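Engineer: So you can see what is in the structure, the chains are spelled out below.
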Amino acid sequence: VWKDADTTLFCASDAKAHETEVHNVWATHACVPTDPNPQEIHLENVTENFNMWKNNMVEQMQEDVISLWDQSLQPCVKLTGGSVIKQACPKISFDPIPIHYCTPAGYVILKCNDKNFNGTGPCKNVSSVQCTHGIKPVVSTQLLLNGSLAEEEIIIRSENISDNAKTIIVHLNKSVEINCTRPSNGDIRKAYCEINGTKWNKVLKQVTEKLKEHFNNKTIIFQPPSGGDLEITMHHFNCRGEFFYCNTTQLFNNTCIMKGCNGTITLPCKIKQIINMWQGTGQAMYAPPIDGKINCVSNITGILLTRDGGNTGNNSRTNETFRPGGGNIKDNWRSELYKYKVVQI
Amino acid sequence: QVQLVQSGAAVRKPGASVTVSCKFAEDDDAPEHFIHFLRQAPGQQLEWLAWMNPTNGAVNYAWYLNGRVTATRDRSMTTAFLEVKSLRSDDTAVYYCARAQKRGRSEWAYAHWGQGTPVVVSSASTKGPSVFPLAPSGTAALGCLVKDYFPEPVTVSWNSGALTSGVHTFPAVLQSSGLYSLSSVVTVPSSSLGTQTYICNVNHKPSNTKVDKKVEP
Amino acid sequence: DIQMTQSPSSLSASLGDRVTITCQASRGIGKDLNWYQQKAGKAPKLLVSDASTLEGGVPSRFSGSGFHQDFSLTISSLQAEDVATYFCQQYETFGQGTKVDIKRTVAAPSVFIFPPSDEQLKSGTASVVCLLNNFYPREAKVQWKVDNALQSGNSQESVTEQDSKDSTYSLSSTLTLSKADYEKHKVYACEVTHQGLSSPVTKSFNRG
Ligand SMILES: *[C@@H]1O[C@H](CO)[C@@H](O)[C@H](O)[C@H]1NC(C)=O
Ligand SMILES: *[C@@H]1O[C@H](CO)[C@@H](O)[C@H](O)[C@H]1NC(C)=O
Ligand SMILES: *[C@@H]1O[C@H](CO)[C@@H](O)[C@H](O)[C@H]1NC(C)=O
Ligand SMILES: *[C@@H]1O[C@H](CO)[C@@H](O)[C@H](O)[C@H]1NC(C)=O
Ligand SMILES: *[C@@H]1O[C@H](CO)[C@@H](O)[C@H](O)[C@H]1NC(C)=O
Ligand SMILES: *[C@@H]1O[C@H](CO)[C@@H](O)[C@H](O)[C@H]1NC(C)=O
Ligand SMILES: *[C@@H]1O[C@H](CO)[C@@H](O)[C@H](O)[C@H]1NC(C)=O
Ligand SMILES: *[C@@H]1O[C@H](CO)[C@@H](O)[C@H](O)[C@H]1NC(C)=O
Ligand SMILES: *[C@@H]1O[C@H](CO)[C@@H](O)[C@H](O)[C@H]1NC(C)=O
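Chains A, B and C, in that order, give the protein sequences.
When we follow this note's numbering, the leftmost residue of the first sequence carries the number 1, and every step to the right adds one.
When we follow this note's numbering, the leftmost residue of the second sequence carries the number 1, and every step to the right adds one.
When we follow this note's numbering, the leftmost residue of the third sequence carries the number 1, and every step to the right adds one.
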């Protein structure tokens, strides 16, 4: 017997203590070593209720990653309202490592193993573990990178699918590689992200087909973001410590559902020195990019969508429109922590 | 429970655009709740237009608005702005900004409201009213006909505010001309008709028009 | 997608009386329904969030109940501050609204008619006003007669908000017509119908 509860969790990792890479440095003093042999116990005839949208684990990871960033990143200048902080901005080594979140004595973590579990509701195949799987704290918008993949079918997650204010996490059951590069020696800020168009459009098709299931059967349509800061309107992320912003217009081409649609899709990307800080209020300025080839090959494992609002014409419209979203980084963590909840014994 | 603060009423020709501002927080003081914009046309049901996330400018516009609406916030993220382009007459409405209370979960439970911003879309030009008397025929009624003004509103006082006990100032009505009219009538005993002066004071600020009409038998 | 059928379209009730408006949904929506109160000239005001949760600063008589597909708002003992329109909200979808006011003893309108000023006639226009003062219910029917010839489509009327003290409405109707058209007739009348009237009342004047 147990009950739902929230407790201070601790992180564990396989960080290397001698590394200067900032995630390793952080995790070295902020986490313990991974359990060399973690146990997982399956609960024969148990059925438990999860709610990935109300999971304090997400709050803790957010606290941790914010903390990792605030002490790892070194902007030449931080601006926050009426505060201007100048400082040294040496380039850093930057590459996210897997963090596991673990419960203290007296508490256990329940894990849902239902293949098509969407994040909330009853779960039949439950088990208990001492830690989550290893989760890379990747901060990105529009696309979820280097995450884990859905087990069987593509899964749609929302706190409320019919609530247009709710972000929609799409969980892929097959990853699509995205290969971003700022070539060596054009403007040093100019980069591009290449994506196999064939694989991508097959997936993006299967996605629309899954969204169809949640909206009677209205034709699904994608569009570029209707607005917002660049971190939102572009696919935003950090690579080797540089802030990329890739234009994803070409990624959500409805026509590709015939000629030319296959083949490699190149996305125009920009490396920015002046960015908006996701951690909260303010701008940061970094030095210009390092020299040489700058390259990040990532796995697309999820997409963050926003659905277009408006039900006024009781009958109204025959199609639904979705736009790449994100910007609330807690959603990145929910993307991975969805199958876990803390219970007290 | 605090009221948000919206910009003043606006008048626009069709085809033009307007921008309504909504101050929803002090610059100087849980993801923030989005700012929602709605409008209500005269004698109509409230219509949701959009939300805007002040944290990153993320937005969602009602689809039927056809990209005509744009919402943003200032650098301090204390004020939201709604821009409506290609104005048509049926964009005439009171525009509201609304927001959920910060210690609540639903994004849609609009606890906070701006006082609303009247937006009038018309091709009529600004115009002061003419004020004609409504001469009284135990108790007699008398009033003023406030005729052909644009835009709303006009305010009506009797005897420079002095008396209000028996005053019925009716809502303005829009004439086919595109101009407004309203009446303001006053109940009074008959005896008084020959002892006390009754002046209806009419002010139409938009045309900077003041008038003092004495209503006699 | 979702459709909120609210009802009744309108209703009246005596002070201290129980009033219940209901909302129905084309689909199950759990508790994701909010209720509002909008008094004439003011912004809406949130009464009940998430179907059942009452908000701070909202009188006890106000109650929200319901779940799934059936919801309702209730006012234990109806007070005069509660005269307004009430609508439900399901995200960005709003109910049709229910106008509610105070039910009092049917009351007849005190009627008055006004010829057009001579100053207005010089303008080449003529406005004939017919005032109805302090009656209930709001319903009524003013129809203009020019020499006993009912007029229609040339009249515009305007009602006030239910007075707070006595709980009555008052109505102003304006019959508009050109100067030249006005000088063609003599008898000008307001034909009035209402519950408070045993017979349709006429109030007229002869031009000049
Ligand atoms: C997920 O599954 C549960 C099963 O109870 C269902 O109630 C819920 O609506 C689903 N969520 C979404 C948004 O698909
Ligand atoms: C992914 O999901 C879709 C259904 O959403 C399914 O048809 C497809 O076969 C799945 N792909 C893999 C590799 O499991
Ligand atoms: C990624 O793209 C770069 C630049 O085009 C190329 O040099 C590299 O081979 C690519 N890597 C992979 C894994 O395809
Ligand atoms: C792209 O993806 C398709 C589908 O998996 C694959 O056949 C092909 O080898 C990939 N590379 C190119 C150049 O299209
Ligand atoms: C709806 O869409 C699905 C998927 O395209 C299709 O198989 C089915 O015929 C349609 N019927 C309903 C109401 O699900
Ligand atoms: C991305 O590229 C498209 C096509 O060049 C352009 O129309 C659009 O404005 C761009 N989006 C952003 C966020 O700059
Ligand atoms: C979208 O579809 C068109 C039509 O087939 C295609 O030619 C074009 O390359 C695509 N554009 C984008 C935004 O990828
Ligand atoms: C994703 O993981 C790969 C392999 O570890 C890494 O090279 C790449 O930089 C990662 N992408 C991001 C955005 O962190
Ligand atoms: C939103 O989701 C909850 C469960 O998470 C459900 O009870 C409710 O019916 C949903 N609301 C709508 C509007 O469908």
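Bear in mind the hints are in silico, worked out from the structure with no lab data behind them.
Backbone N, C-alpha and C fix where the C-beta goes; we use that ideal spot for every residue, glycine too.
Be a bit skeptical, because a hint or two may be false.
What the hints assert, rightly or not - Chain B stretches covered by chain C per the calculated footprint, using a threshold of three residues with CB under 8 Å from any CB of chain C:
id, stretch
1, 13–22
2, 79–92
3, 142–149
4, 177–187
Said to hold, decoys possible - Just the calculated beta-carbon pair ranges, DEER-fashion:
id, chain 1, residue 1, chain 2, residue 2, range
5, C, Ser65, A, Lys199, 35 to 43 Å
6, A, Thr208, C, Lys31, 54 to 62 Å
7, C, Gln96, B, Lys210, 39 to 47 Å
8, C, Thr202, B, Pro42, 31 to 39 Å
9, C, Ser60, A, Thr80, 40 to 48 Å
10, C, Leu54, B, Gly8, 29 to 37 Å
11, C, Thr5, B, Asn66, 22 to 30 Å
Engineer: If a hint holds in the structure, say so; if it doesn't, say that too.
Structural biologist: Here is what the structure says about each hint:
1. 13–22: It is violated: at least three residues are needed, and the stretch 13–22 of chain B offers just 0 whose Cβ sits closer than 8 Å to chain C.
2. 79–92: violated (count 0)
3. 142–149: holds (count 3)
4. 177–187: Per the Cβ count (5), the hint holds.
5. C/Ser65 / A/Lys199: 35 to 43 Å: violated, 52 Å
6. A/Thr208 / C/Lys31: 54 to 62 Å: violated, 31 Å
7. C/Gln96 / B/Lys210: 39 to 47 Å: holds, 42 Å
8. C/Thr202 / B/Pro42: 31 to 39 Å: Given about 32 Å between the Cβ atoms, the range holds.
9. C/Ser60 / A/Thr80: 40 to 48 Å: holds, 45 Å
10. C/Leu54 / B/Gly8: 29 to 37 Å: At roughly 34 Å between Cβ atoms, B/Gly8 and C/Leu54 fall inside 29 to 37 Å, so the hint holds.
11. C/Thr5 / B/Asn66: 22 to 30 Å: holds, 28 Å
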